[PDB]
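One chain comes next, on its own, written as structure tokens: the form deposited without this ligand.
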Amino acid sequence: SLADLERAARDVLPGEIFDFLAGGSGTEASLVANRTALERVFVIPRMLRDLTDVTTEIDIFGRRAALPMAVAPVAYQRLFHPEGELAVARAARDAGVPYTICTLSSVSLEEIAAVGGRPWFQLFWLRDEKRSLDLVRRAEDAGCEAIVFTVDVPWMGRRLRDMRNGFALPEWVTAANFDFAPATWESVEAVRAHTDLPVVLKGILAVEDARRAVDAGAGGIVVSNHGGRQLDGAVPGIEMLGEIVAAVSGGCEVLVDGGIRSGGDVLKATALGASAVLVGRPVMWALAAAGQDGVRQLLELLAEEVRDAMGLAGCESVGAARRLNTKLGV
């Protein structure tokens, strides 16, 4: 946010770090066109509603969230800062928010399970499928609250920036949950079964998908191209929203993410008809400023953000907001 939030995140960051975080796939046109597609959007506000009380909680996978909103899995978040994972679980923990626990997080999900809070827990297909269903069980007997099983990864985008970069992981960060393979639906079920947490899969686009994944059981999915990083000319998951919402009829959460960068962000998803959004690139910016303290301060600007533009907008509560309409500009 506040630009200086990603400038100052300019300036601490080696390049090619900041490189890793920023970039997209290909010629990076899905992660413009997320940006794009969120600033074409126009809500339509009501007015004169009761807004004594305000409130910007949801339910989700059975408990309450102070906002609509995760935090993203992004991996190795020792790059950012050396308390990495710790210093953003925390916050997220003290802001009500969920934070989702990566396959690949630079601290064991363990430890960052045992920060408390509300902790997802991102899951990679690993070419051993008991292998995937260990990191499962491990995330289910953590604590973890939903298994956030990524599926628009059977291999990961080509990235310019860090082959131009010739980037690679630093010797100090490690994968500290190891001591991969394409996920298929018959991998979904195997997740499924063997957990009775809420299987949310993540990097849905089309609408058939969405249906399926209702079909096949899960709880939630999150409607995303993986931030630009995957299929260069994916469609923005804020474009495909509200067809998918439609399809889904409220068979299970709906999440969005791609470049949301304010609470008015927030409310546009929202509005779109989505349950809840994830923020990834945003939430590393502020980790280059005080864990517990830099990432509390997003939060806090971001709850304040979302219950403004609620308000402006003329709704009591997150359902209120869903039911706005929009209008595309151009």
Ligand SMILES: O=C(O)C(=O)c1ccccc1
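Between two forms, the rigid core is defined as the largest C-alpha subset superposing within 1.5 Å. Positions refer to the first chain, counted from 1. What changes on going to the form solved in complex with this ligand:
- In a rigid core superposition between these two forms, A289 is the single residue of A289, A303, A37, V43 whose Cα is displaced by 2 Å or more.
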The other form holds:
Number of protein chains: 4
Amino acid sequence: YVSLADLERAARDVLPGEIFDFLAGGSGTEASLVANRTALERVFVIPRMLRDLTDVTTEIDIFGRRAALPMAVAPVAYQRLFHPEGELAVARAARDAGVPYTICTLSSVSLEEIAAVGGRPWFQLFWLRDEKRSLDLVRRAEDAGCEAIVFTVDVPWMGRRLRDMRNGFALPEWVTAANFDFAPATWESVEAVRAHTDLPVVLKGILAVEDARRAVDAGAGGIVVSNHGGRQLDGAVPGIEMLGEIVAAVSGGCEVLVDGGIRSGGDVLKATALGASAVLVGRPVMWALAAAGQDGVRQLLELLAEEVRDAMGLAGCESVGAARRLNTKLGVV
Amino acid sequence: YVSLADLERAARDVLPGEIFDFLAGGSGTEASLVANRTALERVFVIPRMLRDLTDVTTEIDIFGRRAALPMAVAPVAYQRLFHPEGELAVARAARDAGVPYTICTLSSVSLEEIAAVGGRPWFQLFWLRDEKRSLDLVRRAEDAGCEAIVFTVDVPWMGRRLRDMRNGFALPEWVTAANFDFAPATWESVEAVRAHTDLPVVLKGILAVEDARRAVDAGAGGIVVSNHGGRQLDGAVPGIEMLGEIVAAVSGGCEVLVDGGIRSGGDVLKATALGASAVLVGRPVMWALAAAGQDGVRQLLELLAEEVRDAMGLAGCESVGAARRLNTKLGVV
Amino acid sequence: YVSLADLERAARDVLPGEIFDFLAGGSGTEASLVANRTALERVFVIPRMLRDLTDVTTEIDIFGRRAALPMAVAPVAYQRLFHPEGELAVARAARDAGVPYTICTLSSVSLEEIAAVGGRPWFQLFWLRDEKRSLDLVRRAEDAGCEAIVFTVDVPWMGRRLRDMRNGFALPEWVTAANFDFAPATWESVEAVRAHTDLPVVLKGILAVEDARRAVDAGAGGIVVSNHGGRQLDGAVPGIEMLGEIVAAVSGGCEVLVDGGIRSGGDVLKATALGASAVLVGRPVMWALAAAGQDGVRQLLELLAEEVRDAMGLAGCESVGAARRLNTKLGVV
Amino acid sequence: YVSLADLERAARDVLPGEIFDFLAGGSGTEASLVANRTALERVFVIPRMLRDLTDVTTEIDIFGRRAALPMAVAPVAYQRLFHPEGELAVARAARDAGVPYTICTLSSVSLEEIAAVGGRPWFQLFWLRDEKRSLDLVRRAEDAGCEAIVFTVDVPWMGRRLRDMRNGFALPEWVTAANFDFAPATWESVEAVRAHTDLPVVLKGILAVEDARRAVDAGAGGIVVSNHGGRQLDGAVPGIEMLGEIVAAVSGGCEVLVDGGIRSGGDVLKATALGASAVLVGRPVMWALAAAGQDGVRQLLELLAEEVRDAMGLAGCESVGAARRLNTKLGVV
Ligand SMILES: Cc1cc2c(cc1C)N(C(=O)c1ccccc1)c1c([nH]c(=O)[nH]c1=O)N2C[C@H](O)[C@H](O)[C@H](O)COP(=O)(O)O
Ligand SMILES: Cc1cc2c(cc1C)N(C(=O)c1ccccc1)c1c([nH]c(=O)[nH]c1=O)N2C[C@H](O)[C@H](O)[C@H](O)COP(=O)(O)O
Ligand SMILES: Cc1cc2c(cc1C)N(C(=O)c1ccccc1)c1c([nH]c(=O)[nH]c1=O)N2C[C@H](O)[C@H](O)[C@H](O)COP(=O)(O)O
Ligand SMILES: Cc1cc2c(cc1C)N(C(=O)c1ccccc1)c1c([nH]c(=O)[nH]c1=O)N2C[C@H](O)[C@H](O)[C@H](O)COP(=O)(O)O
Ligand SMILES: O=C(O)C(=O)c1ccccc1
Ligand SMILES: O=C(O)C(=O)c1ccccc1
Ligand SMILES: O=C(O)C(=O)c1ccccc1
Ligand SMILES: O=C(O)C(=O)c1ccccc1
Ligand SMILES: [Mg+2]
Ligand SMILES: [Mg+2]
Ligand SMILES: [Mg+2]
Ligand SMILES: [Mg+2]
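Having seen the form deposited without this ligand, please provide the structure of the form solved in complex with this ligand.
Next comes the full complex, this chain leading.
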């Protein structure tokens, strides 16, 4: 594989169509899904030349750990849909690559099993029924050694995914929510989480500048600027289009991550140049999982690592910090 | 049906081609028809997160009545072209959905019969021959219980609809103007209407900011910012592109509606975020009518209601007022 | 015929391919040819409503004559290429429509014969060899009753027309320059013309704002803002994109015409809304000529007249002056 | 041949596919390769009229020599890939056309042989292993009569060229680096070069404004604003999009060249209008070489010379200096 796009083709060959559609699709007319890619394609980087590149490093420190790349695996529910080893295959590959893995509330293997893989994992929270049960999930994750709580805040309910409706898609009986034997989150819920853990709380799905500022005020340690990969509000602005404004508004008060459409090391470089601390990558990780299980995900991460290093150095950046200081220009495509 | 586009395909199957073209077409090169869609596709919403959604309501108060959605059925002449029950099928479905229905001057069932369906209907006026006859139509509508007069002001004469000319289209002898056994409107005509009724007068087809301001000065209770679905001046700006400027200029002095290209609840949300009080929907209502008569229109309204609620809540809006306070960003497509 | 595009198809059927290409083509990669159309398609008009339209008139006064439309036939050399009656067929149709016809220096019928048709014609000048011979052409045109001298100033030499080169195109021996049995123009040449005639001198092919101002300073009675239909510099800006700036800079000091890509009455309305006094139309006139000779051109002019009236009134303009006061908005297509 | 595009088709016919791909391709998704063309296509020139064109000249003085056109042949490694005479065929044609030829560090014929052709050549440097060996290449080039050192500064290492990876491309054993029997450059390397030669040092691959200013401060005699033909960082801004800003920032302190996508004399004119001293042309020279060897390159240069003269005069420019004073307008395509 020489690009992330090689893996999509390979996943399409192997997966049943309805599963590939669950993975690929967006809500509504898929306008936000397409705009995630359009928005990245319009961004051009202004590289710097003639800088010392004797020890180019792609590492970052985030949420108290060193990561090998400015990248984490995004929360994607029900990974046994894509391969029988599901979340364990992905978490092992992430660990070995030095990349954070986000364990999902709707994981198809229990959070404790995935955390046992090692690799200092993060945990993604959906707000439950009950303040008490939500807080018990958080405490489970913390007791298992998760290092951050990624509170997904863009899902008061699930978006209308027309491919899934047309397909009549539903979970095979062999895939379950392994953390179990939901209610809309508010700012009060965020406070309840923050008060119940010493881990950093990261709010995922922020797009409005004032919501970014309020996240800082609320004691978040990070946010993920995101339209949920075009799967929630159809017509929501891409996160990459809000990122620069959000980074300026928080003015270093929390880590600012982005996701949606990241498909190469060049894309990671664009996100960092716009001010991102790191990115999340969703669909490509699942394509690699579907195509070749753990070794697929390892090869994907390897490929991304090489593309990130290549892009950084071509742009004159010996560190991710330097990449954040790059300027950009909007083009037409 | 899971999108409004399912119904277009179904209407194309059933209708004779020349009738489908009368419905679908625009004037000239159809540049304004296409731009109505392009303009909406370029608008992205910036959703808000973590707000209380315990009683999300899509209701609005407009022209003295509660409506179930920020939406009304647009005036479309000669609805028996599309189904034998024509206007009665549509008005019944609108009533049952709690959506205003606009009865047309060129309705193929008499205004009194349609008003008898109930549902507190509006009446669309074309200026006649004669100040006296125009005012008699208005008085008929008012006597029948219509609640607003939608004065169409963008038709000094009909636009050049090339599909209809190429087809040699004409009304089947079984479709007539049931209100009967036209001259260009001016501001004087508006005053004559305003002086002759206590109902709100809504001027439909306003695009210039100064015409919006003058509409307020003239005592209009509303305007519909509109290029007549691309059927009048070919090259007229889409209403959605003028809406924000117009809303700022009237500064609450009348209700500001918009139409042209509204094809989903997401589109309704975009219109409200740009400052619209409500939208009109034209062609999609007729597709549903053609496809399945009254029950078709009911299903369409049901679908739109669900899409509006879904979009609002995903955007953090518990009310239409809150949706009006959303910000937007123009993208490229 | 219900659009100008019907006539192009009809001309393509009848003309030999190499002649159709001489007519259709542009220079270089035809980037300026395409941009003439793109530029018009991006312009949207903001129509006005509810104005008195009791005597809508499309007439203008220009260069001391009433014209029936804000339009003239552009100078197109060698019109016998397209029909055996050539320039006489076109000039007769123009006369009967009340539209100015521009007689070309490279006309395939002598200027005196064409002027004898009547209709108060204009004369287009190319600068010759010789100040003396150039001035003799001007005096011929004036003696024959031409009413303006359209000095083409964008042809120091002919552009590189790759269709013609690829075709090995050349004039059939039956088509000649009937005014005869060239050197680049300068501002000195303009002065020599201005000093030798009392007719208005109109400089055709101006695109720079400072050249428009200098044209006024030089005593021009008009300019034609033009990239020569994309046939001269490939990559020259479309005239329609310079028009508004030029109109503001001359501030009523001369008539400001535009050409390139005008294909409907809606396009004429856009040009006037951007500040044009009138337009020239080139290729469409030749399509009508090729398709049906004099009666073809009559039908074209009839069609354009109806489209101009239709567009004006739909836009709330009772006169061309009012159309010049319309505002516009740039869109995306 | 009547356009540069005729030669691409001819090169595609003759070259083995993997060689054509080595020539045509870019890095990554080829976004920067495509953007080089898009960026030029968006630029329109505002031509001037009625200026004296009695002795239009396309000549410039650069780096102490007269050149016949504001153009040089770009450094392209391994030209024996394309024709058996390789660099000698191209250098001879360049000499005869009065165009500078850039001899490459990775030339497939030795720099001394190519310099012996005559035509006052330039030499392109890649930084070696060793300050000492790099400086020996420079001294060789100077001893052989090269007139400028084009220090390529955008290649700390080679970009990821996916066509080449997919093809498993490698140099045929009959093509070698004839200057031999690499380490990343820094500003210190530039200083080492500047101190070791009296020739002008030209830094090729600058895109950031501050790097342009620093190049002047460092004693460069020129820069080439360039993204390396889309072959280095994928997502690097096109040079043509940075050019105007860079020209203003250096304010005459060094020559400012540009490359990437120049495919006609019209494109050369656009580059000059944006402030370029001259352009480099890469791929088209190799297409002509592949198609017809030395005589191919001669015909290409002949064609470009005619297109440059044609464009200049159509734009009212008697000299390249005048072309630099032309204004431009960005369009949509
Ligand atoms: C491709 C995909 C993405 C999700 C799920 C399932 C699938 C198949 N997720 C879910 O299906 C899920 C989402 C909401 C409610 C219930 C299940 C999921 C989720 N987010 C999140 O915080 N919890 C979930 O568990 N997402 C979004 C994901 O984290 C991410 O924002 C993006 O994928 C980014 O863009 P990409 O790199 O272009 O793919
Ligand atoms: C699709 C359609 C739209 C009309 C008619 C017929 C048809 C088949 N109408 C007419 O045909 C009509 C219009 C002018 C003169 C005589 C008949 C009509 C009209 N308006 C209005 O105020 N009285 C009429 O009665 N319109 C415009 C309509 O109210 C509306 O502005 C839009 O349809 C909005 O865009 P959409 O949601 O994209 O379709
Ligand atoms: C389509 C066409 C246009 C010309 C000629 C021949 C043909 C076949 N003309 C010539 O062929 C001609 C031009 C330069 C030198 C010798 C012959 C011509 C000319 N101009 C002008 O002032 N004298 C000439 O005589 N033009 C340009 C014309 O006046 C006009 O600017 C446009 O056609 C406008 O755009 P359109 O409406 O999109 O077609
Ligand atoms: C088309 C092409 C372009 C290069 C090479 C090989 C080929 C086949 N060059 C190389 O292959 C090369 C580049 C880096 C490392 C080793 C070999 C090359 C180079 N630059 C440079 O300074 N030394 C090298 O020697 N370039 C870039 C070239 O100078 C130029 O910037 C552009 O080609 C401009 O755009 P274009 O007119 O659209 O083609
Ligand atoms: O009710 C839903 O839409 C749903 O399944 C869900 C899942 C996760 C979070 C919130 C809602
Ligand atoms: O005369 C017309 O164009 C016409 O039919 C009409 C219809 C309604 C309103 C105004 C004019
Ligand atoms: O020499 C030319 O290019 C030519 O034919 C011409 C024609 C008219 C005007 C100027 C030049
Ligand atoms: O190591 C490389 O990528 C390489 O081949 C190279 C070639 C020229 C300059 C610098 C690096
Ligand atoms: Mg992503
Ligand atoms: Mg609508
Ligand atoms: Mg024209
Ligand atoms: Mg180039």
